[PDB]
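Given chain O's structure and the hints, the job is docking chains P, Q, b, R, a, S, Z and T onto it.
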Amino acid sequence: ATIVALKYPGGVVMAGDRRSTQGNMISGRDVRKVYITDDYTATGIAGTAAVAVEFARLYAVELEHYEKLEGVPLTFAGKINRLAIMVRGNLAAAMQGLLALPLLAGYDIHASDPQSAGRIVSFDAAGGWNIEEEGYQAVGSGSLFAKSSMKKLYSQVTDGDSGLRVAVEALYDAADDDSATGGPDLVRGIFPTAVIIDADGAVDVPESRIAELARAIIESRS
Amino acid sequence: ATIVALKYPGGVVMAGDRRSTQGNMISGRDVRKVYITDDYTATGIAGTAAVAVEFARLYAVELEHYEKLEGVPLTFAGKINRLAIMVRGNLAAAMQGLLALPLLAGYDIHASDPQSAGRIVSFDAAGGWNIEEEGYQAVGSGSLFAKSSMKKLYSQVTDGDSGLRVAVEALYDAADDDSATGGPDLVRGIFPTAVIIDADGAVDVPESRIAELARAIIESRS
Amino acid sequence: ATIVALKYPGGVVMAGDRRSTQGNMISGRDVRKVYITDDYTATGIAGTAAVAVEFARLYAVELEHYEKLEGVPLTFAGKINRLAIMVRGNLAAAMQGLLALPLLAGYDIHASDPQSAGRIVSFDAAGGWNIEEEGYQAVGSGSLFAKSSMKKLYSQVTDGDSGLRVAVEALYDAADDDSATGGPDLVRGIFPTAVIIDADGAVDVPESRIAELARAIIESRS
Amino acid sequence: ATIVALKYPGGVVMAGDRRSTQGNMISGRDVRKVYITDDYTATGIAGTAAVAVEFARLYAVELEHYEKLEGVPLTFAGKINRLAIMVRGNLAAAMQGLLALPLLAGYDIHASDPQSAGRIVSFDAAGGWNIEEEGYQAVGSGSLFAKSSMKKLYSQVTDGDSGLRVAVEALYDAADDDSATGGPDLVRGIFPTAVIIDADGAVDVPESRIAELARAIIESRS
Amino acid sequence: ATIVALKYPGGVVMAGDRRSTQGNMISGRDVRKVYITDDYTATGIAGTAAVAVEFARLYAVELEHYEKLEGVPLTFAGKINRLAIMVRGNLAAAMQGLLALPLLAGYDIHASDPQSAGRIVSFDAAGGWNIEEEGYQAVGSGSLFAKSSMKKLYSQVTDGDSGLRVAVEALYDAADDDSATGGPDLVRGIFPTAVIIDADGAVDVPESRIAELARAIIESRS
Amino acid sequence: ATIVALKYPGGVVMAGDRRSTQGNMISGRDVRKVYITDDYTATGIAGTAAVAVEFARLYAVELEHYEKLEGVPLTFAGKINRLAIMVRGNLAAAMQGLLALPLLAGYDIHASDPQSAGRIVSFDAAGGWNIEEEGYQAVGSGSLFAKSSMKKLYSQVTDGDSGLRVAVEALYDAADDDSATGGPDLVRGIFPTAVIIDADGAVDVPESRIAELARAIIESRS
Amino acid sequence: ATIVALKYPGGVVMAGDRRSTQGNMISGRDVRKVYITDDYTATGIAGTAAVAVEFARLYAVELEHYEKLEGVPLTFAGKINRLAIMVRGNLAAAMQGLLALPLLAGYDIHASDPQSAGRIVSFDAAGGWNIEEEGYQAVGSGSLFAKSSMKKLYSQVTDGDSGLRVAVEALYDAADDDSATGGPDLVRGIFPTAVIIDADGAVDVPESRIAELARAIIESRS
Amino acid sequence: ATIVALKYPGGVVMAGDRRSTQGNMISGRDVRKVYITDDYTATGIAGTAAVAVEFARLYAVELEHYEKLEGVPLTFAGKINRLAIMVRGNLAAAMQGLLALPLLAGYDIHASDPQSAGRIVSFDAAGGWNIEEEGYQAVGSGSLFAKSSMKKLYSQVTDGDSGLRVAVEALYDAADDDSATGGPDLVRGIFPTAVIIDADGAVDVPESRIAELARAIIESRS
Amino acid sequence: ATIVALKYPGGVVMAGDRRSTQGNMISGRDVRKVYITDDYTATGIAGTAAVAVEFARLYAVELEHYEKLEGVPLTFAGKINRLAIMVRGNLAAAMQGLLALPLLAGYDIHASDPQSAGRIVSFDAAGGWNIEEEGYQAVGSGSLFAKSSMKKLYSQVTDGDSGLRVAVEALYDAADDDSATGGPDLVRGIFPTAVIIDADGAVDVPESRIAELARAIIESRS
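Protein chains in written order, with the entry's author numbering: chain O, 1 to 222; chain P, 1 to 222; chain Q, 1 to 222; chain b, 1 to 222; chain R, 1 to 222; chain a, 1 to 222; chain S, 1 to 222; chain Z, 1 to 222; chain T, 1 to 222.
One chain only, chain O, in its complex shape:
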């Protein structure tokens, strides 16, 4: 399990792997771990799937409920506070073993500079949150390898396509260096899913672009 997210001028990208493992045996091959909560942010949870899907659904439901009740969407700080409270409320279950660490990436429509409106937030096991400002952040088992790869590869990010390519390459490096992370599948045609958030909203990247990027990266590495 590895989820990466980096900031590019005018938006933010988010991607994750598609592998679920029960110990050392592979259980899933195309598991989806990146979800869209509402128009201008997406979340990704690494850990137990049973807690991850529940957290995603509950976060989306709470955001929609508040928006319907008050008539206006929550501010970014309010969303961060709600997610932090949700994470903190599961500390006992995390101690038992039901651990889920989410990653939040969104676009701030109430920012003076649209080019620097992208935000990346990481959460701790105890509920603490920190706003990422180095331009990238990764979570999961292979987070360290992906973070090092992004540290070296962030100099080539200029637009959305460059950021997507860097994210795919970081995921490939994490899968190469970690046995719990699943790389691109050229036999079954399974590729990581990505979400791009910009001023127009959050959209889902088509599988064709990710397939071409993965094929190009594999050819280059050969």
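Some clues are possibly wrong.
[To be verified] Reference excerpt, derived from the structure (chain O facing chain Q, CB under 7 Å, subset only):
id, residue
1, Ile131
2, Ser148
3, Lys152
[Unchecked claim] Here are the computed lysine to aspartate or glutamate pairs in the DMTMM-like style, where the Cα-Cα straight-line distance is at most 20 Å:
id, chain 1, residue 1, chain 2, residue 2
4, S, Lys151, a, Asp30
5, a, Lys151, S, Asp176
6, R, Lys151, b, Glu219
7, O, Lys147, b, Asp30
8, Q, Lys151, P, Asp30
9, T, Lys151, Z, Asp185
10, O, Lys151, Q, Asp176
11, Z, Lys151, T, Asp177
12, Q, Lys152, O, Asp38
13, Z, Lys152, T, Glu219
14, T, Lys152, Z, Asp176
15, T, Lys151, Z, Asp176
16, b, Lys151, R, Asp30
17, b, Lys152, R, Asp30
18, O, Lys151, b, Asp176
19, b, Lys147, R, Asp176
20, T, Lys147, S, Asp30
21, Z, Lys147, T, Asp176
22, R, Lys151, b, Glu70
23, b, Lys151, a, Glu219
24, a, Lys147, Z, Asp30
25, R, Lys151, Q, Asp30
26, S, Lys151, R, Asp30
27, S, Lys68, a, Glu219
28, S, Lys152, a, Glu219
29, T, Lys147, Z, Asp185
30, a, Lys151, Z, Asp185
Source of the hints: derived by calculation from the structure; they are not laboratory data.
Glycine included, each C-beta is placed from N, C-alpha and C at the ideal position.
For chains P, Q, b, R, a, S, Z and T alone, kept in the frame of chain O given last:
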């Protein structure tokens, strides 16, 4: 870690994977686990590498020492007894965690029927040994998947090439179903190693044949 | 504690940090961890210093004793076997907490190709050894960060100076990403020590070259 | 984590480091640990960030709520009592491992002598509080080194700039003597944050002054 | 218990406190912890007295025995090795609770520069040794406070008297900041003992000089 | 921590030390441990400060509340019962480690003989109370030494000044024999605080008298 | 169990109680705990009687054996070393519960000043020894009370009778303050035993003198 | 702690010691343990004082409350039932260590024979009660010795004075045979307290009679 | 199990009960526990019978062996030392549960006064021994009751018959007060065994005298 061995008319084949993992992180990519002790048998040990290489070297040294002292090679039963004693003498270290389960495949030159002279022997953690007679046997973490694949694929074994193809396909299935087993590497050009033992002795299969077999299997599975 | 070693055409380089920490408090600022055993190989041990210096001295003494007794130096395989036996004999003390993982880099004078005569060997806690062939290897607390940095930076290695620069940059990255690794000191003038082994023997890199390389890297990163 | 605070004629200064470490790996590089609750006092919490930010926000909210309800600000003794109750109410979580030790520095507008109106209060893990009167106090992992440095350097404090320089030098010494404390960053341009409280209220020290002070201290130490 | 030692041009000084405490109750008031082994070095052990006196006597006896047997005194490296072996041989008793950490200070008569012939060696609990080169080192319960005081006060060391004054001031600071360290006694006339080693040998500082230095320091601090 | 109290004809005196220690390190140098609850009695608590200040404040608040509600002050037996109930209600926290043993000294205005109206009450950890009648009582870590000193020195008590001198001498002896008790400070000018209760009420002894008494005692002991 | 010993001009006295208690029940009423080893020293052991008598007999036997073998008595330092070795050799039994702490008092015939030839040595549980120089020392359960009493009463010691009276008074105070120490028995006529060592040798004090001293002390205390 | 009670024609006597011990150290010298609940019975509790005084006060309060509510005193069986319920309700605290075993002695005014109206009741730790009919009963640490002494001495009981003398002698024997029981004090003038209950009610024995009885017993034993 | 022994002018008597109990069930009714080792002393062991008989036989064998080897009987001190060594050598088995506490009574033929030549020695579980001088001593489960009875009844001992009667009465009292001690049996005719030692040697008391004494005591108690 997965090592497979099956019997074909006129000989016996033996193959294993090339992956070493320290927990969940990949440490090796072309680790060799199949060794040739003397002319008419080869061994393969799955488990801790530090114990596996030591066991292989010690077994070869003991066989050579006996052959030099007495002037004649040991019988197959004597070799099985020596290997069983060696395995039994390491039970305390196996209990602590230094476990090594070897697999023995050899050719009996003192058999009435040369076509049925192949032998496969499996060893337990307590030193018990059993002569395999179903025609195939696998050891390691992904032994069950490989054994099922060989159970379905043993009907197509007629000669050495068919047995080698079946072994490679079983290793591929085990790597597909197990995250601790490494499949063929089309980027770095790493392929499993195989040893063929027949009436002329034990030889090492060239990497080119294994590469072509793996490529054909991958193309067929696509 | 971080020690790195990579292979370049015609030799091999080896370097390590200069930090000793007692828990979370800094105890040493210029600790030397890379030692020269004899003419054509050098070793580096990461872990408890009391065991590291003892292991280095004992290995050098054993090599010199064998060379004096037999009149010829040991082969590389013999040196690897001796070091593996020494590491394996300390497993109980390592279990208690006195752990020391050495890294071996040397030059093989009995190789057909002088340009590919460099060797890098890594040792496990149980005494297992593996010959490194990816071109680089790192040990210590910050080994992962240095290994990722070398994975990205190995494409620029052409000669000794390039390899030394890559090693220094990898050490700098490891110190940046790890609080237990000490980076270059521009106030006290403390810089990591490096050893270069080639066909002419093993020599110690002067501090001036490492100082200039570290200053250039710091200026580039600014 | 290290937070220092000392008293100068006519006010009080407060500063802290910008390092967050998850065990031995660095997680944050510009973490803010000094916060302003209201006009005439500021607080600093060392320990778990998830508890520290919550404590700061809750203390500020409680003070504002009381001021709005009663129409007058709380006395200094009342603020100390409220903070002590808040600290005491978290003793079980501190026993489990969620420990947070705050440091309180403020200006008493109801004092006969304005020059001696500065107050420094330290809190224990059990909720006990003591008013600091030696002129300085430090909390965190590297509190001892900073306290010794301030013990030697307090003789040069005459005004606000002298106190700020002494605080920065004490933080530098603590970072030098402790691996968990982050010193000034000349590459990324990260410097410790400081807050100055005087008769006109609590203000935030601009980063430029701290940068010049740190550069001067580094040059002097060279 | 606190023992300090610092280097001055042309020699080395060594001093320690005179307090023995059984838990929280004071048992001794003039305990001697600095001993002279032979002509050109002195040792000081902090910890259990029953082990400290035994270690001092055994070290002196071993040095004298070697000098009598071989006719020449041991080199400094040999003395360090012997002391390290002695410390390492007591690791089990230290684990039970009989811990003794010695501090070694000596003068090297076989050095090119007489002004830089002073040496300070510190030993770890596991037997590891490191040659001190910052110019000072302290051991005992209040070692940190004394080390910080010496860090600030080392700039005034020019000769033997300055070094002695700095050592006495550091001991006074350690006694002030630590309840297990005994300061100067103006009622019973008990003062710390000091040993000065120079090119002429190791001598014992008379109590009168230490008394005057302590009185001057107390008057200055008033 | 040591608090002493003895009876003299016409009143009662009470005094305590000014040292707070966190294990073996000194944390406070002028901590106040003797408090005045109301007109005709004072209390002193030895142990955890966080519990001691809370107990003193709560006892004073309860006494004032009862006096305001009923219009008449509580009898001495009622005050003893209230304090015993308060002590008994904290037995679980004392078992965990939050132990606080108070000492009560007061003047009974409803006694037939004004000269024998002084009362001293000691409390146990389980809430039991006993009225002291030997003429003196001490509590704290160094209670035994102070009690022995008062046993020898009680023959010289004739009036208030004699009792104060005896109490100061007992505190000095306790500080001499105990490392957790702080004696008079001739450098920082810190002296123990004392409270005198007589027929006119409870008053605080000025620091000048205690300073002169301590100086005279120190001169006599020299 | 309480044994006291103090120094007077021209000799040294030693005395102990006569009570043995099995838990809380009295088992003995006239147990002797002070023994004479040879001419110029006597010893007293507090703790388990079965170990105490054995230690006394063994010490006397060893001293006599050495004197007979070498023809000259051991020096005082040699006797101290032998007793320390004997105490150290029983550390395991002391840990189990068979603890015996001896007290050594003797006269040095090889001293320049006969008036200051008295010596008092105390031993720790780990075998450490310290020469007493305050003029008095007590061991046993009620050692603290006796030591405080001697601290106050040492000013009246001028000769042997004064020292004996002070020792008897200290024993009486220890018995008064400790329930495990037996005071003088006026019904059965049991009184503590004392030994006086001077330039003429060690002699046993007659019971009549101790009886008169105890009666006078009891009458004075009435 | 020892409390004795025996029956004589026409009444019943009750007495107890005056010693309180905290482990092995004496804490009290004239502690009162025999109390009068109402006109025709008295109680004595041995064990923790904090529980003993509380039990005595609560029993007296309950008896007075019932007498005031119903207008008639409780029967003896009702009093026994109430005391048994009170003892049974404290079983958990007794299990923790807060054990208190009371002894009840009273006079039955509703009995046919006034000469045999005395009653002695003993209570167990579980709340069980038994009416004593052998003529005597003792409780406390030294209960066995006192019971044996009363077994031998009960033949001389004819009236109140004889019973009082027998009780005092039994207490003296218990104090002689037990170190936790305090005998008569001829120095401080402390003697055991006794209560005599007859047809006229319960009265307190004056100290003079007990003093004369103790002096006569001591003289006889001499 | 109860064994008693008391001293009378001109000799010493020794007696014990005849009951063996396995927990709470009676196993033996006439078990003999008093044995004669040699002419002038007898021993009695209380505890495990399997150890008691072995100890008696071994002690007798050792005494006879020494007497035969040297030609003269051992002194009383030598016998005490041998018995103490034998008891001390069984401390581990006693800790497991095989406890045996012997009682020694003998006649000293080498004493100046024949009337005071009787000796009684008691031994502890750790091997310590004490010579009894109060005139009586008892061991076993009911030792306390017998000792109290002898304390009251020792005033009537004038000769052998009086001592025997006192011993029988003490045994009867111990059996009455203890359920593990067997009293005289008037149905089966079982009575305690006694041994009388005087100047003429040790003899066994006939059962008729003990029967008459027990019958007289029973009649008197009726």
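Results of checking the hints against the structure:
{"no.": "1", "hint": "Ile131", "result": "violated (20 Å)"}
{"no.": "2", "hint": "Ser148", "result": "holds (4 Å)"}
{"no.": "3", "hint": "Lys152", "result": "holds (4 Å)"}
{"no.": "4", "hint": "S:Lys151 <-> a:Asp30", "result": "violated (28 Å)"}
{"no.": "5", "hint": "a:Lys151 <-> S:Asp176", "result": "holds (12 Å)"}
{"no.": "6", "hint": "R:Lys151 <-> b:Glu219", "result": "holds (18 Å)"}
{"no.": "7", "hint": "O:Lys147 <-> b:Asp30", "result": "holds (18 Å)"}
{"no.": "8", "hint": "Q:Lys151 <-> P:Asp30", "result": "holds (18 Å)"}
{"no.": "9", "hint": "T:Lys151 <-> Z:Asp185", "result": "violated (23 Å)"}
{"no.": "10", "hint": "O:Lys151 <-> Q:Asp176", "result": "holds (12 Å)"}
{"no.": "11", "hint": "Z:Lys151 <-> T:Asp177", "result": "holds (11 Å)"}
{"no.": "12", "hint": "Q:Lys152 <-> O:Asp38", "result": "violated (37 Å)"}
{"no.": "13", "hint": "Z:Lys152 <-> T:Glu219", "result": "holds (17 Å)"}
{"no.": "14", "hint": "T:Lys152 <-> Z:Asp176", "result": "holds (13 Å)"}
{"no.": "15", "hint": "T:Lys151 <-> Z:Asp176", "result": "holds (12 Å)"}
{"no.": "16", "hint": "b:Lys151 <-> R:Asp30", "result": "violated (28 Å)"}
{"no.": "17", "hint": "b:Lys152 <-> R:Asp30", "result": "violated (29 Å)"}
{"no.": "18", "hint": "O:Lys151 <-> b:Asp176", "result": "violated (27 Å)"}
{"no.": "19", "hint": "b:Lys147 <-> R:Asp176", "result": "holds (13 Å)"}
{"no.": "20", "hint": "T:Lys147 <-> S:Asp30", "result": "holds (18 Å)"}
{"no.": "21", "hint": "Z:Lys147 <-> T:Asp176", "result": "holds (13 Å)"}
{"no.": "22", "hint": "R:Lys151 <-> b:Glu70", "result": "violated (52 Å)"}
{"no.": "23", "hint": "b:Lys151 <-> a:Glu219", "result": "violated (31 Å)"}
{"no.": "24", "hint": "a:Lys147 <-> Z:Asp30", "result": "holds (18 Å)"}
{"no.": "25", "hint": "R:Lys151 <-> Q:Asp30", "result": "holds (18 Å)"}
{"no.": "26", "hint": "S:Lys151 <-> R:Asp30", "result": "holds (18 Å)"}
{"no.": "27", "hint": "S:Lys68 <-> a:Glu219", "result": "violated (54 Å)"}
{"no.": "28", "hint": "S:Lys152 <-> a:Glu219", "result": "holds (17 Å)"}
{"no.": "29", "hint": "T:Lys147 <-> Z:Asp185", "result": "violated (26 Å)"}
{"no.": "30", "hint": "a:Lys151 <-> Z:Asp185", "result": "holds (18 Å)"}
Checked against the numbered hints above, the structure violates hints 1, 4, 9, 12, 16, 17, 18, 22, 23, 27, 29; every other hint is satisfied.
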